[PDB]
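Student: The chain contents come next:
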Amino acid sequence: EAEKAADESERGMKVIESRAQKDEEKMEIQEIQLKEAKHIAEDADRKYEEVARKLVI
Amino acid sequence: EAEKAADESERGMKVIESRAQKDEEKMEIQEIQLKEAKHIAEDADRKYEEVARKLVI
Amino acid sequence: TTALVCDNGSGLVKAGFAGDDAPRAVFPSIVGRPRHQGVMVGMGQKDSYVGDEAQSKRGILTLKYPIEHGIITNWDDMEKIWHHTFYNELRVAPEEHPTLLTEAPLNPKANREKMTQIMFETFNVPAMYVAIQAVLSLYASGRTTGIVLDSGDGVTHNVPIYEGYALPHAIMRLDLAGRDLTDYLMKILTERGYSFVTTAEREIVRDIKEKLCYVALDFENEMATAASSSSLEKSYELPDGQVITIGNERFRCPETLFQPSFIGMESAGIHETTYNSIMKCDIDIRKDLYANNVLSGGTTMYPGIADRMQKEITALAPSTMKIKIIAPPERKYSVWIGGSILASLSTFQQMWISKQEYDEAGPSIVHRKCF
Amino acid sequence: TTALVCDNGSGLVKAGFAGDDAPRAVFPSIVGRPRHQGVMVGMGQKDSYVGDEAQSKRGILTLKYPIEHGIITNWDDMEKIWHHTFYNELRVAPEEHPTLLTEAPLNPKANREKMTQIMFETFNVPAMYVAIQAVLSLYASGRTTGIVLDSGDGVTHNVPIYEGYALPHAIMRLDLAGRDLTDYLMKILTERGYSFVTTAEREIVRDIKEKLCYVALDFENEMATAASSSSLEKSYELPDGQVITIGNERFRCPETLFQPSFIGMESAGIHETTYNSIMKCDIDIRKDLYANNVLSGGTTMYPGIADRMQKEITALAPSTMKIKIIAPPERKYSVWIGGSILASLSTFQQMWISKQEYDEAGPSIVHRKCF
Amino acid sequence: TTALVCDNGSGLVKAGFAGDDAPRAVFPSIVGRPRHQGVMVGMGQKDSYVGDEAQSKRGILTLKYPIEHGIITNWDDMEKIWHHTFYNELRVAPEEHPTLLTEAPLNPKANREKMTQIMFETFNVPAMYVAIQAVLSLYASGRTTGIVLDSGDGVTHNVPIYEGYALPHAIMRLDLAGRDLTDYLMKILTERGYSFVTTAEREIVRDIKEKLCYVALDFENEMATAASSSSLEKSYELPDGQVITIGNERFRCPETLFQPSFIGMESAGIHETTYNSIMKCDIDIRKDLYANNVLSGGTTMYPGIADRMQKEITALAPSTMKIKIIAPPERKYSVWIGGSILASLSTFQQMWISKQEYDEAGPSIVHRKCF
Ligand SMILES: Nc1ncnc2c1ncn2[C@@H]1O[C@H](COP(=O)(O)OP(=O)(O)O)[C@@H](O)[C@H]1O
Ligand SMILES: Nc1ncnc2c1ncn2[C@@H]1O[C@H](COP(=O)(O)OP(=O)(O)O)[C@@H](O)[C@H]1O
Ligand SMILES: Nc1ncnc2c1ncn2[C@@H]1O[C@H](COP(=O)(O)OP(=O)(O)O)[C@@H](O)[C@H]1O
Ligand SMILES: [Mg+2]
Ligand SMILES: [Mg+2]
Ligand SMILES: [Mg+2]
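Heads up: the protein sequence lines correspond to chains A, B, C, D and E, in order. Residue numbers for the first sequence follow the UniProt record's numbering, so the first one is 115 and each next one is one higher. Residue numbers for the second sequence follow the UniProt record's numbering, so the first one is 115 and each next one is one higher. Residue numbers for the third sequence follow the UniProt record's numbering, so the first one is 7 and each next one is one higher. Residue numbers for the fourth sequence follow the UniProt record's numbering, so the first one is 7 and each next one is one higher. Residue numbers for the fifth sequence follow the UniProt record's numbering, so the first one is 7 and each next one is one higher.
Take these hints with a grain of salt, some might be off.
Derived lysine to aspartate or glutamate pairs resembling DMTMM-like cross-links, with alpha carbons at most 25 Å apart [as the list claims (entries may be wrong)]:
id, chain 1, residue 1, chain 2, residue 2
1, E, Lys215, E, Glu272
2, B, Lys128, C, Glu239
3, B, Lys128, A, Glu117
4, C, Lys293, A, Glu145
5, A, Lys152, B, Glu138
6, C, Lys52, C, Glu102
7, D, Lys330, A, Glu163
8, D, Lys70, C, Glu169
9, C, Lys317, B, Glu122
10, C, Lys86, C, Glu209
11, C, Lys293, A, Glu117
12, A, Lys161, D, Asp224
13, C, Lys328, D, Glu209
14, E, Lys286, D, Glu272
15, B, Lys152, B, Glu138
16, C, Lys217, A, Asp121
17, C, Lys330, C, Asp224
18, C, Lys70, C, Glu239
19, E, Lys328, E, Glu278
20, E, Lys338, E, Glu318
21, B, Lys152, A, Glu156
22, E, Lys52, C, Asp246
23, C, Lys215, C, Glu169
24, E, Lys115, E, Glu85
25, C, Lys193, C, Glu216
26, E, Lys286, D, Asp58
27, E, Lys217, E, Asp313
28, A, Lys152, B, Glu156
29, D, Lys217, A, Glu139
30, C, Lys293, D, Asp58
31, C, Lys293, D, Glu243
32, C, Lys193, C, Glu272
33, D, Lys70, D, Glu95
34, E, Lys338, E, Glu59
To give a feel for the contact side, a few chain B residues facing chain C, derived at Cβ under 8 Å [said to hold, decoys possible]:
id, residue
35, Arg125
36, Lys128
37, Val129
38, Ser132
Derived by calculation from the structure, the hints in this document are not laboratory data. Where a beta carbon is used, it is the ideal one built from N, C-alpha and C, also for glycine.
Please model the entire structure based on the sequences and the hints provided.
Tutor: Laid out in structure tokens, this is it:
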């Protein structure tokens, strides 16, 4: 009985680190796209600040 | 020996499932902040274009 | 010159030649004396059993630890331990073997002075050296930065190192260690009907702690689980029978490292002392210290301690920084491996305290430019 | 042959070869010494880190600037900086390459003499020359008249030039520069609860000053806006998390250039010194000088400094007068470009200070006709 | 009506009425909570002991200082301390008594704003005012010109005043103070074998520091004498026994004020910060500041500090300048004396921040011309 339980537990293990590495890759890609989104947002913000100063002057 | 292996596998299961849930709200937070960053970037771009037209005139 | 390397530690003595990746002799630092009278005539028992033989005769002797928390408290036992290590275990002549000794941070200077005096005047070693446990542990891990936590049986300390430069003002020392955990294990097993009072039962309780204890990722949830289900109960074989079943006491004992209020201590857990020691350092090196947390010592071998400490530090550290904890399988013997690596280096050959230099400079030579 | 155009500056050393379009090597001019002791043996750290290497070890080093306000105070550090520049950043042997050095106006003759002596003796350059940092900036702008304002990190000087003839009596030098702005930013960041005291944190505060600070068109109106609104607050991420938000302290730091009384200075603002130097000149060359205000130096890189300066000088100048301020994108590297252009000229080949001429005329030859 | 002068300080609250020669309420600013269970029933035990009462029960309480370095880091504890001071130590109703408070320079605005809000809302004082702790020390000394050093328990700073005019650009603030000295004494007492870790032992270490520590005129010479002779040894009697003997640690602890590198701090000693602040000022007022060096604060009562600092400054100052240090015996209470004197003036009566003014202008009125 213990051997059967251990085999089931180890199969569950292998599959759960399979989803673990898939989720690791997913976090990597979403974190990268977060970086590009933040950079483009701050660039747009500074660009509008500059053109607002130009408009008022 | 089999019982010890099963206990270790179950401990790893619990730890990685907790990490998986943490990852789930990480996805949620990343998605909402990505949406907000995209929205503010689009708004900044459109008001940038309006300010540019005002600058030209 | 096949220099000798020793690690007195606390509760275990491990020694061997330099250039090896494993100690050749590991045995408890225990000296015991008979307490009964003895009626058999002609066998001629010796007046003191030292080392591993005291464990074989554990049921007739009174075991005593010559060191309480790093500091030696019974010196004659220490000459006995060193003589045993040098002769009965390694079978070496210390007249031609330099000896490297490992010592804990933040200790009385008289301790190091007496160690050097004993080494030079009793065993007549040609040269010797005293080093810090954490630096050797970081040698053995193949790193150059990162805060290292060394929890043995006597004392737990954290030493932050960056690019080979120590940060002494951020070194923290806590006296909570394995012996306190064993005492709390007895104090918490006495509520089930099991009473261990004698120094021989110290060893049995220590074995139970080593074999059946683990650190839980959560405490309240684990307590709720154990209070309802019976899946956490395990049985142990005492050296004569009468199996004992331990329930929630298996994960309650190691919780003292994270909740030191259990034994009346005022300080905070290791997960908080490490974070405080990291925060005492400069702001430009906190990233490498966060990402290179190194574990060592026998006490850090509880199943699940690394995950719990990582979770706690991540809860403490800023959410925008990764936290990594390095827990190699050989945490217990890491310090000796680092010591052997250091002694095998050729640039270390000019850092020995020679016999002539010691004779010229007196016992106070330890704290001079030669460390 | 090829000539080298160097620019020691203050806090940023930029160098290269004559005829190039941009400097080849740009790195901070700092020297760092390990303030700790070092526990790991065998690594053998160097006793002095120079250049951008010292920026990577800000957490174990103390940073010292060999130049405080234009002048060189520590000469061994400057020699180390020059050796590093010639042998690592450029990897060129200077025994066969003339060098073109630069210095600020109104400096002690001892500094120039010792610079020439060091260049001729330690490195044995075949020839050398020293040029004013403002003439080169005027060269790089493709002009021949008009004042130029080289506001760097150490000194801020305003040199008027008309038709290639300099006016030495109208040169105005002011010591308020980027370093004072960084110190004032340190002082005013404590107002929000952030304390930056260590020399390593000086680099961090400089980074915030470079990234977030801007010059306000109207100080009082922006004060009213920031007090009521909250759209001026931006957050900066420290090297260890714990992001910090700075609001009103954003345009207060560069206001010191126009309001020197903020840091206890008595002198008038940059806009007023420019106007005073304009009226110091003749009356028949004021039109071209008004219409050719040239800006250069790293400090003049704040967003909106040109508009504020133009507004102030137009308020000072007569209403029937036209004012133009020239602010190219490459203000920071304008001096080096002008130096390269000057060294590339064919008529300049007869103005080098030869080694034989130096040996014949002593170190004082530099102040002679050979400038 | 009469005004109240409250000096929160950091770890020692002194308060009293305005127009007296000394405060009538001096007690530590500490709050204690019981960390044990409590088995006796009907005892009516309180959940928080504040003030000198907590000092009487240090063995059952954990002690927390609400102020780390000038800034209050716990506002509930500060409210408890103020309520205790107003209702038990002074036994006066704050509904008809103006209150004068003190704080260090370079203090975050939020601290001052919330202090004024707490004073006006909870206690409902009719008027209040906040003043710097250095101007008050100048008032107590009877002077009107001279740099004043106020080294308390949390923060050490220098404020130069000439003819009643302050120079804000020459103010230097340092966080090294008595608490850091106590921590360093704790660190170095483990060298001899004495360990003090609990907050209860903090008061014991503080008493040892107050009773035995002194500043040496020369550091190397006293180290040479102590390492050879034995006349510097002095014994202290612990609350129970096992008297301890202190050698060079007796004068090693206060050396941090002149050698901040002992605790890993980058900043320079007070003898050098004072010189830097003197040279930061003008050139025509340096003579008076040299000849009117004023000392205050509790930490400035080490035997021999007023001589070592004078020697250091004379070594730094030009040879043709006379250096004088004023160290009255009542250094600790100088700030309160100055505050009482200031509140006694009839001219000062118009500088009170009335309740109507606060209601009209919000908590931000404090930073206006009504300082
Ligand atoms: N597998 C294990 N699980 C739990 N605790 C352990 C384990 N192995 C050793 N220990 C504890 O570690 C201690 C040994 O510490 P040790 O590494 O010998 O310190 P030192 O090397 O300084 O003497 C023992 O007292 C024991 O309680
Ligand atoms: N974009 C920027 N905004 C504000 N300050 C800047 C910017 N870029 C550079 N600086 C400042 O200019 C200084 C560099 O000046 P630099 O031209 O190198 O002087 P020098 O020519 O004397 O070396 C730096 O200290 C930095 O603080
Ligand atoms: N005779 C003494 N020798 C050394 N230190 C002292 C002496 N008297 C007081 N101190 C230190 O001064 C501190 C009190 O400072 P204090 O004047 O209360 O500052 P503040 O009023 O700003 O809180 C105490 O913590 C104590 O350690
Ligand atoms: Mg150990
Ligand atoms: Mg420049
Ligand atoms: Mg004070």
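Student: Each of the hints needs a verdict: does it hold here or not?
Tutor: Hints, one by one, checked against the model:
1. E:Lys215 with E:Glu272: holds, 24 Å
2. B:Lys128 with C:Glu239: holds, 18 Å
3. B:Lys128 with A:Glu117: Roughly 20 Å separates the two Cα atoms, so the pair holds.
4. C:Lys293 with A:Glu145: holds, 19 Å
5. A:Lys152 with B:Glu138: holds, 21 Å
6. C:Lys52 with C:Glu102: The hint is violated at about 30 Å.
7. D:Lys330 with A:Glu163: holds, 23 Å
8. D:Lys70 with C:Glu169: holds, 20 Å
9. C:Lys317 with B:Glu122: holds, 19 Å
10. C:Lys86 with C:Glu209: At roughly 21 Å apart (the allowed maximum being 25 Å), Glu209 (chain C) and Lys86 (chain C) satisfy the hint.
11. C:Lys293 with A:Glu117: This hinted pair is violated, its Cα atoms lying about 44 Å apart.
12. A:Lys161 with D:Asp224: Measuring from Cα to Cα gives roughly 20 Å; hence the hint holds.
13. C:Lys328 with D:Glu209: Holds, because 24 Å separates the two Cα atoms, which is no more than 25 Å.
14. E:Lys286 with D:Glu272: holds, 14 Å
15. B:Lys152 with B:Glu138: This hinted pair holds, its Cα atoms lying about 21 Å apart.
16. C:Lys217 with A:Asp121: holds, 23 Å
17. C:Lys330 with C:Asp224: holds, 19 Å
18. C:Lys70 with C:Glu239: Violated, at roughly 32 Å.
19. E:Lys328 with E:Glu278: holds, 17 Å
20. E:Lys338 with E:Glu318: Since the Cα atoms of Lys338 (chain E) and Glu318 (chain E) sit roughly 23 Å apart, the hinted pair holds (cutoff 25 Å).
21. B:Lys152 with A:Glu156: OK: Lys152 (chain B) and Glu156 (chain A) at ~11 Å, within 25 Å.
22. E:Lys52 with C:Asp246: violated, 52 Å
23. C:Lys215 with C:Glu169: violated, 37 Å
24. E:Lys115 with E:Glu85: Between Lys115 (chain E) and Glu85 (chain E) the Cα gap is close to 18 Å, so the pair holds against 25 Å.
25. C:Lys193 with C:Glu216: Since the Cα atoms of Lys193 (chain C) and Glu216 (chain C) sit roughly 16 Å apart, the hinted pair holds (cutoff 25 Å).
26. E:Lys286 with D:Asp58: violated, 31 Å
27. E:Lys217 with E:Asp313: holds, 19 Å
28. A:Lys152 with B:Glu156: At roughly 13 Å apart (the allowed maximum being 25 Å), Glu156 (chain B) and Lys152 (chain A) satisfy the hint.
29. D:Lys217 with A:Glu139: violated, 32 Å
30. C:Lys293 with D:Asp58: holds, 20 Å
31. C:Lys293 with D:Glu243: holds, 13 Å
32. C:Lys193 with C:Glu272: It holds: about 19 Å lies between the C-alpha atoms, which stays within 25 Å.
33. D:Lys70 with D:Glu95: At roughly 20 Å apart (the allowed maximum being 25 Å), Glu95 (chain D) and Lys70 (chain D) satisfy the hint.
34. E:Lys338 with E:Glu59: Roughly 22 Å between the alpha carbons, so the hint for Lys338 (chain E) and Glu59 (chain E) holds.
35. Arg125: holds, 6 Å
36. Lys128: With Cβ-Cβ at 7 Å, under 8 Å, it holds.
37. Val129: holds, 5 Å
38. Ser132: This hint holds: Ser132 (chain B) lies near chain C, its Cβ roughly 7 Å from the closest one there, short of 8 Å.
The structure shown violates the earlier hints numbered 6, 11, 18, 22, 23, 26 and 29.
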